[PDB]
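Take a look at this one chain, the form solved without the partner chain, written out in C-alpha coordinates.
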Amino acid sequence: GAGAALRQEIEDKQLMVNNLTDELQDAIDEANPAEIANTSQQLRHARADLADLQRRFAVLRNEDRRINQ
(Lines of atoms letter the chains of each structure in order from A and count residues from 1; the text may use other names and numbers.)
(Lines give C-alpha, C1' and ligand atoms only; values in the text may rest on other atoms or scores of the structure.)
Protein backbone atom coordinates (compact mmCIF):
# COMPACT_ATOMS: atom_id res chain seq x y z
CA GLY A 1 0.00 0.00 0.00
CA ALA A 2 0.88 3.65 -0.57
CA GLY A 3 1.93 6.05 2.16
CA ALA A 4 3.21 3.59 4.77
CA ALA A 5 5.51 6.10 6.63
CA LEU A 6 2.86 8.83 6.47
CA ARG A 7 0.17 6.51 7.90
CA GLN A 8 2.48 5.65 10.77
CA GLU A 9 3.18 9.39 11.34
CA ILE A 10 -0.51 10.03 11.55
CA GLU A 11 -0.89 7.41 14.29
CA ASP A 12 2.23 8.76 16.15
CA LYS A 13 0.75 12.26 15.87
CA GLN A 14 -2.74 11.17 17.04
CA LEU A 15 -1.04 9.63 20.10
CA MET A 16 0.70 12.97 20.81
CA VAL A 17 -2.60 14.84 20.37
CA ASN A 18 -4.27 12.52 22.81
CA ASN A 19 -1.50 12.77 25.45
CA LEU A 20 -1.53 16.54 25.23
CA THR A 21 -5.31 16.54 25.55
CA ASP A 22 -4.95 14.50 28.77
CA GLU A 23 -2.36 16.97 30.08
CA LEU A 24 -4.52 19.99 29.25
CA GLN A 25 -7.54 18.58 31.01
CA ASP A 26 -5.45 17.66 34.07
CA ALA A 27 -4.03 21.21 34.14
CA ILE A 28 -7.63 22.57 34.05
CA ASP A 29 -8.67 20.27 36.96
CA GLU A 30 -5.66 21.60 38.88
CA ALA A 31 -6.41 25.27 37.98
CA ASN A 32 -2.78 25.65 36.79
CA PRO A 33 -2.81 28.64 34.39
CA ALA A 34 0.85 28.23 33.30
CA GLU A 35 0.40 24.58 32.26
CA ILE A 36 -2.93 25.29 30.63
CA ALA A 37 -1.25 27.86 28.39
CA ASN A 38 1.82 25.64 27.80
CA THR A 39 -0.13 22.54 26.87
CA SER A 40 -2.88 24.18 24.90
CA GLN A 41 -0.38 26.01 22.70
CA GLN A 42 1.29 22.66 21.89
CA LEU A 43 -2.00 20.84 21.41
CA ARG A 44 -3.04 23.34 18.79
CA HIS A 45 0.25 22.94 16.92
CA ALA A 46 -0.24 19.17 16.92
CA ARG A 47 -3.93 19.23 15.91
CA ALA A 48 -3.13 21.51 12.92
CA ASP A 49 -0.22 19.32 11.88
CA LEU A 50 -2.36 16.19 12.20
CA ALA A 51 -5.14 17.56 10.02
CA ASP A 52 -2.56 18.37 7.26
CA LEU A 53 -1.04 14.93 7.55
CA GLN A 54 -4.48 13.32 7.17
CA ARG A 55 -5.30 15.40 4.07
CA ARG A 56 -2.02 14.34 2.44
CA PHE A 57 -2.65 10.71 3.19
CA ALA A 58 -6.21 10.75 1.88
CA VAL A 59 -4.91 12.07 -1.47
CA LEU A 60 -2.35 9.33 -1.60
CA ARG A 61 -4.78 6.57 -0.63
CA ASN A 62 -7.43 7.72 -3.14
CA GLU A 63 -4.81 7.80 -5.93
CA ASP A 64 -3.43 4.37 -4.92
CA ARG A 65 -6.98 2.94 -5.09
CA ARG A 66 -7.61 4.44 -8.54
CA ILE A 67 -4.25 3.18 -9.81
CA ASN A 68 -4.72 -0.35 -8.48
CA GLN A 69 -8.39 -1.19 -8.80
The other form holds:
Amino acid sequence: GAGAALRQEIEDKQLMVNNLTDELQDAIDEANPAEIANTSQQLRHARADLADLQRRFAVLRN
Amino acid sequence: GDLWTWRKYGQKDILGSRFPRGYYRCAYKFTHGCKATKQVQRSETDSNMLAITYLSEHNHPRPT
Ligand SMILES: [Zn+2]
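Now show me the form solved in complex with the partner chain; what you just gave was the form solved without the partner chain.
Full complex below, order starting with the chain above.
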Protein backbone atom coordinates (compact mmCIF):
# COMPACT_ATOMS: atom_id res chain seq x y z
CA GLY A 1 0.00 0.00 0.00
CA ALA A 2 1.05 3.63 -0.82
CA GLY A 3 0.23 5.12 2.65
CA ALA A 4 2.12 2.25 4.42
CA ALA A 5 4.52 4.89 5.93
CA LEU A 6 1.38 6.20 7.76
CA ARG A 7 1.09 2.62 9.20
CA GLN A 8 4.81 2.80 10.26
CA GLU A 9 4.60 6.38 11.70
CA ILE A 10 1.51 5.25 13.71
CA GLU A 11 3.31 2.24 15.35
CA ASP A 12 6.45 4.38 16.09
CA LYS A 13 4.12 6.88 17.88
CA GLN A 14 2.14 4.05 19.62
CA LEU A 15 5.61 2.80 20.78
CA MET A 16 6.51 6.22 22.32
CA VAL A 17 3.00 6.35 23.91
CA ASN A 18 3.84 2.91 25.45
CA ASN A 19 7.22 4.14 26.83
CA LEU A 20 5.57 7.28 28.28
CA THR A 21 2.79 5.09 29.80
CA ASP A 22 5.43 2.65 31.27
CA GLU A 23 7.29 5.69 32.78
CA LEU A 24 4.04 7.34 34.08
CA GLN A 25 3.07 4.04 35.84
CA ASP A 26 6.73 3.64 37.05
CA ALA A 27 6.48 7.27 38.38
CA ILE A 28 3.12 6.39 40.12
CA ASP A 29 4.75 3.27 41.71
CA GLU A 30 7.76 5.47 42.79
CA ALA A 31 5.21 8.10 44.10
CA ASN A 32 7.17 10.89 42.29
CA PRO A 33 4.48 13.58 41.70
CA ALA A 34 7.02 15.83 39.81
CA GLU A 35 7.76 12.98 37.31
CA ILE A 36 3.99 12.14 37.16
CA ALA A 37 3.36 15.79 36.04
CA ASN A 38 6.31 15.69 33.53
CA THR A 39 5.40 12.30 31.90
CA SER A 40 1.54 12.65 31.97
CA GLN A 41 1.86 16.13 30.26
CA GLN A 42 4.16 14.72 27.48
CA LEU A 43 1.90 11.60 27.19
CA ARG A 44 -1.11 13.86 26.27
CA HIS A 45 0.96 15.40 23.39
CA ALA A 46 2.20 11.96 22.16
CA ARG A 47 -1.38 10.50 22.31
CA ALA A 48 -2.89 13.48 20.36
CA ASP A 49 -0.12 12.98 17.70
CA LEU A 50 -1.18 9.27 17.58
CA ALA A 51 -4.89 10.28 17.32
CA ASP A 52 -4.08 12.69 14.37
CA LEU A 53 -2.15 9.95 12.42
CA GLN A 54 -5.12 7.54 12.89
CA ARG A 55 -7.62 10.16 11.56
CA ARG A 56 -5.32 10.46 8.45
CA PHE A 57 -5.48 6.62 7.98
CA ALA A 58 -9.34 6.45 8.32
CA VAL A 59 -9.39 9.15 5.52
CA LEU A 60 -7.48 6.80 3.09
CA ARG A 61 -9.83 3.85 4.00
CA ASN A 62 -12.67 6.16 2.67
CA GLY B 1 30.27 3.32 19.89
CA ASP B 2 27.25 1.77 18.05
CA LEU B 3 27.41 -0.32 14.81
CA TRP B 4 23.58 -0.56 14.14
CA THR B 5 21.26 1.71 12.02
CA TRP B 6 18.48 3.50 14.01
CA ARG B 7 15.42 5.75 13.40
CA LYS B 8 14.45 8.18 16.25
CA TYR B 9 10.72 7.62 17.05
CA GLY B 10 10.57 10.15 19.97
CA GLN B 11 12.23 12.21 22.76
CA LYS B 12 11.28 13.10 26.40
CA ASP B 13 12.09 16.35 28.30
CA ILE B 14 13.90 14.99 31.44
CA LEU B 15 13.72 16.88 34.79
CA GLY B 16 16.90 18.84 35.70
CA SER B 17 18.28 18.61 32.10
CA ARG B 18 17.89 20.79 28.94
CA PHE B 19 19.11 17.61 27.12
CA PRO B 20 16.09 15.45 26.11
CA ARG B 21 16.30 11.60 26.06
CA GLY B 22 16.21 10.14 22.50
CA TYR B 23 14.06 7.03 21.84
CA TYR B 24 15.43 5.01 18.84
CA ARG B 25 14.13 1.80 17.09
CA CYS B 26 16.06 -0.41 14.57
CA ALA B 27 15.96 0.83 10.92
CA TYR B 28 14.94 -2.83 10.18
CA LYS B 29 11.96 -2.76 12.64
CA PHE B 30 9.51 -3.00 9.66
CA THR B 31 11.56 -4.70 6.86
CA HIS B 32 12.91 -7.53 9.17
CA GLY B 33 10.46 -7.29 12.17
CA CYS B 34 13.34 -6.18 14.51
CA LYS B 35 12.26 -5.47 18.17
CA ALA B 36 15.56 -3.75 19.22
CA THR B 37 15.44 -0.20 20.72
CA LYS B 38 17.89 2.11 22.59
CA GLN B 39 17.51 5.25 24.78
CA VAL B 40 20.28 7.91 24.54
CA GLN B 41 20.93 10.59 27.24
CA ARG B 42 23.58 13.36 27.07
CA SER B 43 24.48 15.57 30.12
CA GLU B 44 24.87 19.39 29.67
CA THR B 45 27.23 19.29 32.78
CA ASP B 46 29.45 16.16 32.26
CA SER B 47 30.81 17.05 28.75
CA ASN B 48 32.19 13.66 27.50
CA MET B 49 29.73 11.25 29.26
CA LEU B 50 27.01 9.47 27.17
CA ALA B 51 24.36 7.15 28.76
CA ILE B 52 22.61 4.55 26.47
CA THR B 53 20.00 1.91 27.46
CA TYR B 54 19.61 -0.97 24.90
CA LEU B 55 16.33 -3.01 25.09
CA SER B 56 16.15 -6.32 23.05
CA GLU B 57 18.77 -7.93 20.72
CA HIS B 58 18.46 -7.54 16.88
CA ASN B 59 16.93 -10.36 14.71
CA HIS B 60 19.61 -9.77 11.97
CA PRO B 61 23.39 -9.16 11.68
CA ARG B 62 24.71 -5.52 11.68
CA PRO B 63 24.89 -4.18 8.07
CA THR B 64 27.83 -2.76 5.98
ZN1 LIG C 1 17.81 -4.45 14.36
